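Below sits a lone chain in structure tokens, taken as the form deposited in one PDB entry.
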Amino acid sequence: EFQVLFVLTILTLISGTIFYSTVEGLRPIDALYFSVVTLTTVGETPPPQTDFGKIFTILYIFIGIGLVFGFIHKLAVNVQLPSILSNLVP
């Protein structure tokens, strides 16, 4: 499960990285950062400058937020929880 969500999230981020680096002309690292803060709703970034960027962002958000949060919902509950939980055992 966690393995799958990880894959789906990575592919989603890869797509955003390629899109933004090409259409908005961002360096790869900035394109990945934009993709990440967008899908997690953190939004610490100015908006895309092109209409293509805006249209894609709208669609990217609706399709990717569900996935990204489903993944985060497992990263801390199915992997990060026990580590400290089972560790909460005397």
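Here the rigid core means the biggest group of C-alpha atoms that line up within 1.5 Å when the two forms are laid on top of each other. Numbering follows the first chain given and starts at 1. Compared with the form deposited in another entry:
- Relative to the superposed core, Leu75 shifts its CA atom by 2 Å or more between the two forms.
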Contents of the next structure:
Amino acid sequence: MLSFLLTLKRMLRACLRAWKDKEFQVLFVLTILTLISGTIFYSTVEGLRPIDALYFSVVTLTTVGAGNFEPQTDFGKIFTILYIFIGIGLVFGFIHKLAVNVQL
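May I ask for the structure of the form deposited in another entry now, the form deposited in one PDB entry having been displayed?
Here we give the lone chain, stripped of any partners or molecules.
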């Protein structure tokens, strides 16, 4: 049990230290920026209430997927297709990072 906590602590330190790498920071900011753009687009173009635009943006960008909503306009549909690849590009970025930071 004490080992659990010590391991947990060492791992948490390593996670917080990751928030120090400038490339991880960029990816993070880019992600926030992407989530904000999505929130703006869906509230504007699809008329979704702000909190629902972020929710759709989050579930869509993370590949979780929305359970009922889907863009109603052709403009929304196109944006979403593009939004999704941006999301995949970001994930690969993080993955590429975790791939380099491990092989150094």
